[PDB]
Amino acid sequence: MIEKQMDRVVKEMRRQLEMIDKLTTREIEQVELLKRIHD
Amino acid sequence: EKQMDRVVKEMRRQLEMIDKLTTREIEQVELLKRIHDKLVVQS
Amino acid sequence: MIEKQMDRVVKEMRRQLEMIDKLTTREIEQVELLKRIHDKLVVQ
Amino acid sequence: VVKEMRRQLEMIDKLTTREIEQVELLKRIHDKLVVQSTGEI
Ligand code: NI
Ligand code: NI
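Chains as they are written, first to last, in this note's numbering: chain A, 1 to 39; chain B, 1 to 43; chain C, 1 to 44; chain D, 1 to 41.
One chain only, chain A, in its complex shape:
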């Protein structure tokens, strides 16, 4: 009982962390792109 709930919360945190990983990655690539084109 407490064990599934806790397992379920950990699994769900890893998923939100993956979202942050991509977002930050996409933000870094967007900065790199904008740097080239801006005067």
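Honestly, I wouldn't trust all of these hints.
[Said to hold, decoys possible] Straight-line Cα separation of at most 30 Å, DSS-like style, residue types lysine-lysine; simulated pairs: (1) D:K27 to D:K14; (2) B:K20 to A:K11; (3) D:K32 to A:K11; (4) C:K35 to C:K22; (5) B:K2 to D:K14; (6) B:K2 to A:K22.
I should point out that these hints are in silico values taken from the structure, not numbers from a laboratory.
We have chain A already, so just place chains B, C and D with the ligands on it with the hints.
Below, chains B, C and D with the ligands alone, put in the same frame as chain A:
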């Protein structure tokens, strides 16, 4: 920026749930310790 | 010492112990992932 | 976009701190159980 906060807020949210679950786990361990100690020290 | 009873308590301690090890290692991977994200974001 | 990155850096740092404290707390519970198994448990 709006998508990040949505994910952090849900992460911070998921962190509090874990904190409460850990508290209930401690209570379980404290009781298990009480039982363990009684079996050892009673006759 | 009634070890029949004691053996149930030990079985339950080892089980809790195994569960906690799984949670800490999975949380540790997140901490590791968070550190990498921190490194990436910090390069700028 | 740059400003928001430095802002997200602090947010990630704060999440790292909260998760480490949780790891620390679970480790403390683990260390208590171990000891209680040392009597040939
Ligand atoms: Ni262990
Ligand atoms: Ni013991």
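Hints, verified against the model:
no.: 1; hint: D:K27 to D:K14; verdict: holds (20 Å)
no.: 2; hint: B:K20 to A:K11; verdict: holds (16 Å)
no.: 3; hint: D:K32 to A:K11; verdict: holds (25 Å)
no.: 4; hint: C:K35 to C:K22; verdict: holds (20 Å)
no.: 5; hint: B:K2 to D:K14; verdict: holds (19 Å)
no.: 6; hint: B:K2 to A:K22; verdict: holds (14 Å)
In this structure, none of the earlier numbered hints is contradicted; all agree with it.
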